[PDB]
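Q: Here are the chains, one letter per residue:
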Amino acid sequence: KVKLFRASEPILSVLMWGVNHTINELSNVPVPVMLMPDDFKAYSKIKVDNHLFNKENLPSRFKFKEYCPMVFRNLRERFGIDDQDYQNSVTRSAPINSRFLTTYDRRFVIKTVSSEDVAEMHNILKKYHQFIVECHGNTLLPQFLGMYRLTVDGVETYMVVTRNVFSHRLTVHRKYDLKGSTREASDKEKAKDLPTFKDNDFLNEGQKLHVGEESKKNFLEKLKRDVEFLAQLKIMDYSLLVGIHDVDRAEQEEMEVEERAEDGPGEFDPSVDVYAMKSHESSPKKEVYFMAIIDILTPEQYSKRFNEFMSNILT
Amino acid sequence: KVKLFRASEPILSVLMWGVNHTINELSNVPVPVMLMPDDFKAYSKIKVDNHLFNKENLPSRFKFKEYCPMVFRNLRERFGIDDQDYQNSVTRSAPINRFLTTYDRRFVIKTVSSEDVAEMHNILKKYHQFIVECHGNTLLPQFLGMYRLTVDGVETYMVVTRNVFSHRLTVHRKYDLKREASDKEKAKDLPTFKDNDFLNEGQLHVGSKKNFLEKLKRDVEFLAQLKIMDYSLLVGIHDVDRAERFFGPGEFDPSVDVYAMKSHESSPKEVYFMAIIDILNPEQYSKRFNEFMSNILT
Ligand SMILES: Nc1ncnc2c1ncn2[C@@H]1O[C@H](COP(=O)(O)O)[C@@H](O)[C@H]1O
Ligand SMILES: Nc1ncnc2c1ncn2[C@@H]1O[C@H](COP(=O)(O)O)[C@@H](O)[C@H]1O
Ligand SMILES: Nc1ncnc2c1ncn2[C@@H]1O[C@H](COP(=O)(O)O)[C@@H](O)[C@H]1O
Ligand SMILES: Nc1ncnc2c1ncn2[C@@H]1O[C@H](COP(=O)(O)O)[C@@H](O)[C@H]1O
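Taken in sequence, the protein lines are chains A and B. Residues 32 to 129, 138 to 221, 224 to 304, 338 to 372, 400 to 416 (the authors' numbering) make up the first sequence, in order. Residues 32 to 128, 138 to 218, 224 to 248, 250 to 253, 256 to 292, 335 to 358, 360 to 371, 399 to 416 (the authors' numbering) make up the second sequence, in order.
Source of the hints: derived by calculation from the structure; they are not laboratory data. A hint or two may mislead.
Said to hold, decoys possible - Below, simulated BS3-like cross-link-like pairs (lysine-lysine); rule was C-alpha separation at most 27 Å, straight line: (1) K32/A - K78/A; (2) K165/B - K76/A; (3) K165/B - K86/A.
Bound conformation, chain A alone:
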């Protein structure tokens, strides 16, 4: 039961403490019939000073601000995310891989963003929300689950929590960040195991994703609505994040995994792995793809242009 908030950095402990704290408090707040205008400019703030108390993991002094908590709570709900699950993903064990964090179970991504990013979120929040209502949470856009400001040692850090584009389980074997705007991977980037490849990289290696006509139609219809939505808001330079999971390769990796220790396959819950699609039955390699738009905080031409590219990615 006991939550220790142990983490590699004090800022991670405070993140865990603050999500824990704000979600518990929200559980004592009725769920409204509708959101009101003020909810979009609301915040909670708490300042803690623990003297000679409760300091094994947390600093004695820190501050945690949550922006528009009623709105993000409604967003979680619309994205089919339970508040206790959310809280648990963040608090049961420390977020990992640091900033760009993942929750320990890899369900949620925690991004460190600028103050300008936080301002943009407020600017677009009402229209983002409404767009979410009318598409019933069916969208390739980033799914914003929470937005926070942490203060540790008098230093402010801003974070936005989103849903992971990738499968919280299935391994990603190759990834691209695509724009479609007149961009390749460095020798240094490629230096790392999972290099992030780009447009000219995707096109160069004759890459194509066969997903099947119904999946292709649904994907392109989301993409269309999404990119036109971002166009109207005047947003530029976002990308499509593409992950590729090789089913056979992962199966072998698992076998090797087990052998080293002792010394389904290509299946996912469309409910949890929300951007995942299977490769076309008549596809060379058995694969699973993860595709979603990212970085829509940091027009018309970019949308159409970025739309055409992504469209010619599928078959």
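Based on the hints, put chain B with the ligands in the right spot on chain A.
A: Leaving out everything else, chain B with the ligands in the frame of chain A:
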């Protein structure tokens, strides 16, 4: 299980919120092998500043400070009180009627002065050590928590203790024993009498007297050593017959009504309640006080 923190006054909402918050926080803190000197100088402070959020019952801005939370949690344990139950008593419904009790009447919430808080810190280490040594068996006020609430820039200090009276059995007559009751006072639904009124009335029959006295004395010698005085014995009397699926006549849970004592078999049917209160020449005071109390037990 939505805990709104609805109360008659904002200060009580904050109290409910604060007890809820600090108890919940403490459930994430390991119970230590012992208390250390630092724990008697410790505190938790939280300052809340909500804008356009969650201000249906709570003010948007307030502060809550808990003194020596490790010590008072150890006290709660040594007093046989589970933290969740304590938390539930304060928090499930608003405290009722500054002299409050929780809605279930188990705990009394006392508003005290800054100097009271100073004095509690002054005696806390010895009070604790004494509670250890007497194995929690004492007639002294049981100090369960101590808080400072800041609301509208105004600081309010509070101590939570166990109610001396039963949380159920109605009290039919009470005495403050160390002097009589004033005219206006004698004219109350339940006025408080004093030594003279007790002597004049000719009023307590019990097995237990020996053990109550063995308790009384130990405690009072402790209070003398602290050079404390002016404390009193708060006595309550439940007349069973007057009060007469359910709980029956004179029925009580001794683990909950810790000071309750039933009347002797050969007695004119009563449940009494007795404990020392208000402890925040003292040699003389103690022995006098201790002498007067022995004469009430037959
Ligand atoms: N209600 C709001 N509407 C628009 N921008 C905001 C709002 N609250 C904060 N910001 C911006 O978000 C950034 C961080 O704000 P602060 O929370 O005061 O650290 C700054 O660029 C602020 O101007
Ligand atoms: N929602 C997300 N899910 C998974 N990975 C992400 C997500 N957002 C960003 N990334 C990854 O983080 C890297 C850095 O993102 P950024 O720092 O925004 O460029 C990207 O190249 C992706 O690999
Ligand atoms: N069933 C298999 N399918 C594909 N590659 C395999 C298979 N079994 C072994 N390998 C590969 O052959 C090499 C030797 O693996 P091992 O038999 O585990 O020592 C490694 O590169 C493995 O990935
Ligand atoms: N622990 C207690 N349990 C029940 N009533 C109490 C307790 N302490 C004080 N009182 C009553 O609270 C009222 C005022 O307290 P005070 O003026 O502080 O002595 C008096 O009626 C006391 O009899």
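Q: Each hint needs a verdict: does it hold in this structure or not?
A: Results of checking the hints against the structure:
1. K32/A - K78/A: 25 Å, holds
2. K165/B - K76/A: This hinted pair is violated, its Cα atoms lying about 35 Å apart.
3. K165/B - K86/A: 22 Å, holds
Checked against the numbered hints above, the structure violates only hint 2.
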